[PDB]
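Only one chain comes next, encoded as structure tokens, the form deposited in one PDB entry.
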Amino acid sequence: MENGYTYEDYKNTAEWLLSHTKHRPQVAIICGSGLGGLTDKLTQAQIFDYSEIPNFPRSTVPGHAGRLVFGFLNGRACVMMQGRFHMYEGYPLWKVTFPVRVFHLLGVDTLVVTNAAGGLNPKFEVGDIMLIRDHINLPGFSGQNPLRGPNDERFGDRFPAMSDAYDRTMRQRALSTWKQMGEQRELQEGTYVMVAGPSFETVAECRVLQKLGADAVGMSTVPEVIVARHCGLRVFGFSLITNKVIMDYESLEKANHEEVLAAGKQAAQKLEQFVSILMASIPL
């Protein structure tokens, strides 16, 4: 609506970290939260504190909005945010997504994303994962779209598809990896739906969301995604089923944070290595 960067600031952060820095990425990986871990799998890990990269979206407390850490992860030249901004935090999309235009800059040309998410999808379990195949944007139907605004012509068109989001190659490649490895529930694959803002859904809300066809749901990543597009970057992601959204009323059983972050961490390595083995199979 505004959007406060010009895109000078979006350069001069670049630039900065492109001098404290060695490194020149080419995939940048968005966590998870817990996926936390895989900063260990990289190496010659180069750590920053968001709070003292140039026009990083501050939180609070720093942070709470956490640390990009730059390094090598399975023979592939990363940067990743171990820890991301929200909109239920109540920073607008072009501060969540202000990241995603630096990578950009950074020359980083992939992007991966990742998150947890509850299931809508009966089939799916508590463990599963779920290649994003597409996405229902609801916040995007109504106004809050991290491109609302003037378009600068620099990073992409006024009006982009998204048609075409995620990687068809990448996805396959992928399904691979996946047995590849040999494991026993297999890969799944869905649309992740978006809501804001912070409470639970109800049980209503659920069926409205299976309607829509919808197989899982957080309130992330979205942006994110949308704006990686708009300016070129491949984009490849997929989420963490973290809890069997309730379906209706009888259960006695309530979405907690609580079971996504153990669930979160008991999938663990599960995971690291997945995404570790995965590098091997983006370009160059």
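Residue numbers count along the first chain shown, from 1. Take the two forms, superpose them, and find the largest set of C-alpha atoms that agree within 1.5 Å; that set is the rigid core. What changes on going to the form deposited in another entry:
Rigid-core fit between these two forms: of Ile53, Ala255, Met219, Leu42, the one residue whose Cα shifts 2 angstroms or more is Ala255.
Core-superposed comparison between these two forms: CA of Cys31 displaced by less than 2 Å. Superposition on the rigid core between these two forms places the CA atom of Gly232 less than 2 Å from its counterpart. Superposition on the rigid core between these two forms places the CA atom of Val245 less than 2 Å from its counterpart.
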Second form
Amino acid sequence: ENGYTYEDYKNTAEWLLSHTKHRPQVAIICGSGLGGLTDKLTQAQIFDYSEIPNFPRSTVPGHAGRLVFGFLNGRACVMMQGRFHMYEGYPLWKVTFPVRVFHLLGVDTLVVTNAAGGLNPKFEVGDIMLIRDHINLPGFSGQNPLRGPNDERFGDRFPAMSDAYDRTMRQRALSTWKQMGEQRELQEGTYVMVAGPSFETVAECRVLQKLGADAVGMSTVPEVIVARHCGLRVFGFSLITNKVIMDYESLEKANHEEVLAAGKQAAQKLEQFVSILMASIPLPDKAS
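Please show me the structure of the same protein in the form deposited in another entry, now that we have looked at it in the form deposited in one PDB entry.
If you are looking for partners or other molecules, they are not here, because only the chain is given.
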């Protein structure tokens, strides 16, 4: 929790409320290369993290680190264009601040996306992996967003992540994929968070294999964790941007500077996939 008081979150959320007529239901966190989904909002109301009261400003992106509200396919959203990462220096309680605000804003669902490397060989760069589970490497060692005093107004001391990635929405995505009838099937697996800005080495790559990870990335888990702590329904995808080199040859590089995957049609399609799923995110009314 550290660094922010409960009322820090309340003041930010209230400030936001009194600044946008929008009252969101779905928060979407766009990963690298998937920031275009903001283009699909309507009645978009843009804010810089910096204009917003206690919001972590971005370390480099004075280019485009911002929060946009709007409606996407009949859903009252709010999207983070450019998320916070541990490797940039953000303590995990800053990286996830957004989520605690989203909850107070009235958000009841959080869809998170990220670009990940591929560990499972079945994966093809471009592949979109549905996140079924995660291996929280930093958390195993204290680097868990929930560290420090717990606020029962947000959740319990010991929340369970046994069930973080909403089951329902995974069926819906598996199917919505098919509805679209899109050739290659939407993948699904286990996402391993890993910090430090550098990329893996063949040997590290093989330990992540052993551990049972299908994709490796440097974000998402902190956000997923506090979403759950809050009671947010959570689901997310991972854009396989490269194949992590699991052998001592290959050369087929795994890369960000080589994030053309995330700057490709590949990214473009995850953007409409996420737009379609808006229709399948349950309304707060439930209804009938």
